[PDB]
Amino acid sequence: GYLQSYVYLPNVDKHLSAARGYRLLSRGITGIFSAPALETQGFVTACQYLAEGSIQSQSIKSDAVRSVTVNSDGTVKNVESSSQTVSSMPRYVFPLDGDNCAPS
Amino acid sequence: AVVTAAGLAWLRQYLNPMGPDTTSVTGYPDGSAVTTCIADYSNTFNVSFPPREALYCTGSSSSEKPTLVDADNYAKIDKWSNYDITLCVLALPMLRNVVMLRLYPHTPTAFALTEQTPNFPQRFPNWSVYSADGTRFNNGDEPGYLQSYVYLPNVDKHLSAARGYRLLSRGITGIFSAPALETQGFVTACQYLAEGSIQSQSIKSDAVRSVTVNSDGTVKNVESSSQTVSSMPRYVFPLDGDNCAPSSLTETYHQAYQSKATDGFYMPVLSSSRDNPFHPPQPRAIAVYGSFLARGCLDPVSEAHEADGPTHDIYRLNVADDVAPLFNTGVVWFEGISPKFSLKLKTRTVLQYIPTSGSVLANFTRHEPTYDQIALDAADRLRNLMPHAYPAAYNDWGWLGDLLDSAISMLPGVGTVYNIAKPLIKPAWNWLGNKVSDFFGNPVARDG
Amino acid sequence: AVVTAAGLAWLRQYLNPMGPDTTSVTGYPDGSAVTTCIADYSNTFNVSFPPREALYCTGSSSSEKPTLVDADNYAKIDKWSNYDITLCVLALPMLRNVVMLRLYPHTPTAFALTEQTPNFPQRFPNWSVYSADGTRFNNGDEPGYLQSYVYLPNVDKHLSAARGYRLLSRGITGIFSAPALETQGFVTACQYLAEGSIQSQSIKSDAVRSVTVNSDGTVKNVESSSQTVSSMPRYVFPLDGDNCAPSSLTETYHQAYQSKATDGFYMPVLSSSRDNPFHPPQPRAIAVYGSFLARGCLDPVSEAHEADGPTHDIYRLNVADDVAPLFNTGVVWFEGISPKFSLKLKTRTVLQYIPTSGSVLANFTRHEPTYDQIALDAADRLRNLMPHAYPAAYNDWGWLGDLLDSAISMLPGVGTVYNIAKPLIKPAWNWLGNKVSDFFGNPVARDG
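If you read the protein sequences in the order shown, they are chains A, B and A'. A prime marks a further copy of an entry chain.
All letters in the first sequence, in the order written, are residues 209 to 312 by the entry's author numbering.
All letters in the second sequence, in the order written, are residues 66 to 513 by the entry's author numbering.
All letters in the third sequence, in the order written, are residues 66 to 513 by the entry's author numbering.
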């Protein structure tokens with residue numbers, strides 16, 4: 209369906225490791241486009257908007273345990289339902305509107 | 066250096082949502098430079114003592130079965146109707162479910178909520194019954210109170226088709242009526258910030274216990290899964306239910322409104338923050354913070370007692386919504402009301418949308434991203450001076466706008482051009498004694 | 066005695082719907098004193114040579130069966146793609162179905178239509194094929210052209226929930242693109258009033274013939290029911306299909322627009338009337354007048370030949386809509402276009418609604434019933450001077466508004482205050498030769 213890649217800066221990782229604190233001062237991205245002659249057709253659209261992410265955990269389900277102790281002396285029958293709703297591990301979630309990110 | 070017309074209009078509609086002059090609708094003056102459509106929802110409801118047909122049980126009776134009408138325990142509710150009653154309305158910053166109505170036989174000591182999640186909370190025309198012992202009601206119990214949610218469906222429809230939203234203003238009017246010789250009663254109203262947040266309560270898992278007594282099967286998995294984990298996230302409101310009794314609210318907040326019941330009420334709910342950014346619609350289950358019971362690590366204890374620390378009770382409302390952050394929570398009480406009453410609730414909620422492509426909202430866009438710093442500063446300045454509510458008939462305040470907004474817009478910084486506009490004095494909103502004076506000392510003769 | 070701001074804004078948005086300055090939307094300046102909401106629909110489509118998946122047969126093949134994709138007669142359409150093609154766009158005053166696109170292997174002599182009603186006309190992304198002999202296409206025939214309708218669904222949704230409507234303005238932009246060394250081609254555009262009306266065509270009933278040959282049954286009902294009656298009413302457009310060829314349009318109308326294909330087009334369709342009243346939504350089947358064949362009573366004949374008089378052919382479009390009356394019909398041709406083309410169609414339709422109670426539109430009302438006689442008179446005055454189209458990139462005309470509207474607003478009557486604004490001269494819109502001069506003689510250097 210599509211291809212995807214991440215553009216990674218390794219020096220940023222190295223320096224972020226050895227830092228007590230940080231803050232981004234500014235960031236710019238330039239997209240110099242080129243194509244063969246008679247192939248320059250196309251359009252470019254660009255937009256910015258605040259997607260205020262936060263540390264959230266999604267709601268997941270545990271697995272209920274089902275045991276059938278059919279033994280003559282062993283008839284515990286631990287049918288307890290562990291299938292409750294819990295929270296997954298925390299992640300930094302971005303509320304970017306994927307459904308509304310089409311160029312138009 | 067001077068407040069613009071758009072900023073003044075926004076201030077007027079934010080401080081006086083149901084002012085008769087407030088016909089046009091204006092957006093937040095921050096110059097967002099985004100395509101927006103402003104939607105105004107005006108709704109009217111006629112609340113009174115419900116009949117038996119609109120009463121449902123919240124207990125385990127209607128657990129998997131749908132809502133069950135009361136099995137003619139309505140005789141107890143008629144006994145309620147013998148004497149005077151109490152009617153609470155609680156306006157949380159919920160977008161839909163604008164208010165929550167509650168009917169009591171007599172004034173409670175606190176705004177209690179049930180520890181167990183209720184069954185099928187009912188939208189306004191229908192009510193749901195809760196027992197007197199602060200528990201869900203099944204048929205054959207002692208009813209304690211009735212509860213319902215006033216729901217706006219168009220708000221839900223429009224919130225579905227929106228990239229972002231923000232509440233611009235919200236007002237609630239409570240026009241009260243009762244038969245002749247039955248106008249007795251009192252009304253109290255208050256606003257306060259209950260800054261909710263997305264939290265998960267601490268719950269326990271179930272340890273698995275197996276006794277493999279087989280000759281070859283002797284696994285004996287006695288592992289303790291009974292650890293402490295986090296439940297699913299919910300938007301929790303820190304509303305002080307134990308301190309929501311009318312007397313406590315009256316003696317705590319100076320701007321609280323008190324009057325005779327026949328005066329009704331008019332709450333222009335206000336924001337507690339300077340800014341008002343757009344947010345993506347994200348409905349969540351709503352809950353209310355309670356109080357903790359076990360002190361836990363509030364005293365020197367061991368690790369085994371860390372888990373049972375000060376874990377605050379969380380009361381699930383069984384209602385999902387997206388809330389307007391940084392907006393005040395309102396609460397009004399009608400105490401000693403004749404049971405044959407009639408409250409005309411009128412709600413006006415105006416909020417801004419960023420339309421989604423191809424959605425309905427995209428056909429009503431309105432592109433004037435105006436900017437007005439002075440209006441926002443004036444709103445922040447005025448937040449602490451406006452009374453929390455007014456009599457239902459008290460609209461179109463003369464002091465508002467040309468006098469109050471002008472007399473306050475030139476304190477902020479030195480953003481002042483006119484030398485002196487008008488001195489500002491402390492008003493005395495004594496509606497009970499008919500000694501009301503506005504912000505400039507002009508008496509307010511009774512217009513209703 | 067001076068044009069107001071609202072009238073000027075309406076004039077700007079009516080003459081230049083896609084002017085970049087036209088951000089706010091304003092209503093018709095007649096002071097209707099009715100609650101109205103103005104809806105602006107901006108849509109974008111990317112038309113090009115369709116693939117086989119989006120082609121359907123209009124013949125009797127898909128009569129009761131739904132639309133049938135071409136049974137790989139697409140080889141003939143590829144043969145079309147070998148050479149240059151022609152692309153017609155026809156903007157009738159239909160509210161939905163804003164334009165009708167048509168693809169020809171080569172320029173036709175007329176805008177033909179099929180006598181038989183087509184099967185399942187296709188909305189834009191899908192096309193429908195018609196045979197070369199001016200008939201509906203079944204698989205295994207000779208394709209003549211492709212046709213599609215560009216449909217706006219939100220317009221339909223809003224028209225459903227409206228007591229009345231009126232079209233305020235409509236513009237169509239045709240940004241053209243093609244590969245390098247393939248930019249060859251020409252574009253022609255024209256507008257003219259095709260004043261449709263509700264008419265019914267003359268059809269024949271079927272005479273019943275019974276031969277009761279029974280011994281006792283000898284009724285012999287030979288009665289002739291074959292009389293001439295009227296079909297169901299349809300909204301018929303008197304568009305001259307036989308005279309819609311590009312050359313005829315160019316040499317008939319002086320304000321017709323001609324240019325190189327790469328210039329695209331920009332048609333601000335205009336109204337042909339001074340007034341613009343509200344009308345109730347009333348969709349009807351749409352049809353186009355043809356030409357008659359039998360002269361009938363155009364010569365001295367008998368009653369038997371009265372029925373077959375000059376009955377004009379009516380071409381059913383198999384499309385139902387409500388039209389904007391008194392609005393011009395536009396037609397643009399792209400002749401000699403490289404088949405590997407790409408036309409970005411952008412349509413902007415702004416129209417006013419009277420909302421129905423409880424409908425969606427009622428949440429976006431806007432009450433400034435402004436009045437401006439001067440603006441309406443200026444629009445009537447300017448109707449005959451504006452060219453029918455401009456190059457796609459030619460927006461934000463400097464002469465428009467502060468110069469043209471001012472220089473024309475003081476001829477009407479003696480409604481003149483400023484002595485002399487600016488002399489008005491006849492422009493020369495020679496886009497082909499790059500010798501374009503506006504209404505005041507200022508040359509228009511190529512901005513694209």
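If you're looking for bench data, these hints aren't it; they were derived computationally from the structure.
Heads up, the beta-carbon is just placed ideally off N, CA and C, and yes, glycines get one too.
Some hints here could point you the wrong way.
To give a feel for the contact side, a few chain B residues facing chain A', derived at Cβ under 7 Å [unchecked claim]:
(1) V425
(2) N428
(3) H432
(4) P434
(5) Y436
Derived SDA-like pairs: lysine to any residue, alpha-carbon spacing no greater than 25 Å straight-line [said to hold, decoys possible]:
(6) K222/B to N108/A'
(7) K411/A' to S422/B
(8) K411/B to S424/A'
(9) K222/A' to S107/B
(10) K409/A' to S422/B
(11) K222/A' to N286/B
(12) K222/A' to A310/A
(13) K130/B to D307/A
(14) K411/A' to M475/A'
(15) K487/A' to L465/A'
(16) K269/B to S290/A
(17) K222/A' to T293/A
(18) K269/B to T293/A
(19) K269/B to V278/A
(20) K269/A to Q347/B
(21) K409/B to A119/B
(22) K269/B to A272/A
(23) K269/B to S289/A
(24) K405/A' to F251/A'
(25) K222/A' to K405/B
(26) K285/B to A310/A
(27) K222/B to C309/A
(28) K325/B to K405/B
(29) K409/A' to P452/A'
(30) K285/B to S267/A
(31) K130/B to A272/A
(32) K491/B to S312/B
(33) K325/B to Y106/B
(34) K409/B to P452/A'
(35) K269/A to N286/B
(36) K411/A' to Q347/B
(37) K285/B to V284/A
(38) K285/B to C309/A
(39) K411/B to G423/A'
(40) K409/A' to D307/A
Hints versus structure:
no.: 1; hint: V425; result: holds (6 Å)
no.: 2; hint: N428; result: holds (4 Å)
no.: 3; hint: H432; result: holds (5 Å)
no.: 4; hint: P434; result: violated (10 Å)
no.: 5; hint: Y436; result: violated (16 Å)
no.: 6; hint: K222/B to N108/A'; result: holds (23 Å)
no.: 7; hint: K411/A' to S422/B; result: holds (15 Å)
no.: 8; hint: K411/B to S424/A'; result: holds (19 Å)
no.: 9; hint: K222/A' to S107/B; result: holds (23 Å)
no.: 10; hint: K409/A' to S422/B; result: holds (18 Å)
no.: 11; hint: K222/A' to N286/B; result: violated (63 Å)
no.: 12; hint: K222/A' to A310/A; result: holds (23 Å)
no.: 13; hint: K130/B to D307/A; result: violated (37 Å)
no.: 14; hint: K411/A' to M475/A'; result: violated (34 Å)
no.: 15; hint: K487/A' to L465/A'; result: holds (13 Å)
no.: 16; hint: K269/B to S290/A; result: holds (10 Å)
no.: 17; hint: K222/A' to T293/A; result: violated (41 Å)
no.: 18; hint: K269/B to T293/A; result: holds (11 Å)
no.: 19; hint: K269/B to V278/A; result: violated (29 Å)
no.: 20; hint: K269/A to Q347/B; result: holds (21 Å)
no.: 21; hint: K409/B to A119/B; result: holds (18 Å)
no.: 22; hint: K269/B to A272/A; result: holds (14 Å)
no.: 23; hint: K269/B to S289/A; result: holds (13 Å)
no.: 24; hint: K405/A' to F251/A'; result: holds (15 Å)
no.: 25; hint: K222/A' to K405/B; result: violated (44 Å)
no.: 26; hint: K285/B to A310/A; result: violated (57 Å)
no.: 27; hint: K222/B to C309/A; result: holds (21 Å)
no.: 28; hint: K325/B to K405/B; result: holds (17 Å)
no.: 29; hint: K409/A' to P452/A'; result: holds (22 Å)
no.: 30; hint: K285/B to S267/A; result: violated (32 Å)
no.: 31; hint: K130/B to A272/A; result: holds (24 Å)
no.: 32; hint: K491/B to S312/B; result: holds (23 Å)
no.: 33; hint: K325/B to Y106/B; result: violated (29 Å)
no.: 34; hint: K409/B to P452/A'; result: violated (59 Å)
no.: 35; hint: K269/A to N286/B; result: holds (22 Å)
no.: 36; hint: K411/A' to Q347/B; result: violated (33 Å)
no.: 37; hint: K285/B to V284/A; result: holds (12 Å)
no.: 38; hint: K285/B to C309/A; result: violated (55 Å)
no.: 39; hint: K411/B to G423/A'; result: holds (17 Å)
no.: 40; hint: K409/A' to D307/A; result: holds (23 Å)
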